[PDB]
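So this first bit is one chain, no partners, the form solved without this ligand, shown in structure tokens.
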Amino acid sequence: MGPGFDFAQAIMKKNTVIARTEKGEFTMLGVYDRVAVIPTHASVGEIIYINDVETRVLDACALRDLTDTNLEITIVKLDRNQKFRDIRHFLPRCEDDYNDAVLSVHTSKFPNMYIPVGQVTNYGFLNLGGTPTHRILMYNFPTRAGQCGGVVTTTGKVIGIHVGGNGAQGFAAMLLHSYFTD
């Protein structure tokens, strides 16, 4: 509907796949080469379904900060025959607050979904499902089951992936450029 939705659509149309694990279907952001991200609660194993195709997982790393606190991001390298467009130049270098973000989801349940979530706070610590978690972004939108893995964007920046909610607020794990240095 406007330039925020334009950037979000451009990311969804080229840099997402539908990932399926034993814990559900997730929006999955491809970052570069065969490297993608998903929430750690997806419990990625040795095999994952990508757009309903059986795909070997070459590597999976559940990230934690240097305090050994959960970040809720898992970086997955996929045994796929095709590379993602490299979007690492759209990743923030530092922790930050943002204005006027969009949360975008693409699954069997929620195809072509875009949500203007407004202001995003650097919330920091969250007890996420009983797990102490750091680097959490917060937005005041009542997000629902099915939106985990959704991409959080502003114009020109890919800032996080949706990992949970409390019925009134939604929470995303930050994406930082330093997670994807090769």
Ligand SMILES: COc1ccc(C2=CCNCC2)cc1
The other form holds:
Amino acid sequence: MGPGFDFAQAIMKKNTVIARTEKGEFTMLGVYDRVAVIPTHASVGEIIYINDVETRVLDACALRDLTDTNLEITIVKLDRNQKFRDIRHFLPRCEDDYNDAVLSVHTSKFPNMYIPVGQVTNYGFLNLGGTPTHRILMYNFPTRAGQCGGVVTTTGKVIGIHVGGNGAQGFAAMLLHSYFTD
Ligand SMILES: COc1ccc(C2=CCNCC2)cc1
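So the form solved without this ligand is up there; where is the form deposited with this ligand bound?
The complete assembly is shown below, putting the previous chain first.
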């Protein structure tokens, strides 16, 4: 509908795949080369389905901060014959608040879904499903099951991936440029 949805659509059309684990279908963001991200609660194993194709996992790392606190991001390297468009220059360098964000989802159940979530707060600490979690972004939209892995963007920035909700608010794990240096 407008330039927010334009940037979101550009990311979804080239830099997302549908990931399936034993815990469900997730929106998965490809960041560069064969490296993608997914919420840690997806429980990635040695094998994952990517757009319904059986795919070997070459590496999977559940990130924690230097307090040894959960970040709810898993970085996955996929054994596939192609590379993602490099979108690392759209990642923020520092923790921040944002205006006018879009949450975008693409699964079998919710294809081509875009949600204007509005203002995003650097919330920080969250007890997420019983697990102390840091670097959480919060938005005042009543997000429901099926939206985990959803990409949070502003115009020109990919800022997070959706990891939970409380029925009234939705929560995303930050993406930082420093997670994807090689
Ligand atoms: C490293 O694994 C990859 C990389 C890219 C893809 C994509 C397929 C179609 N649309 C673009 C993204 C799939 C798997």
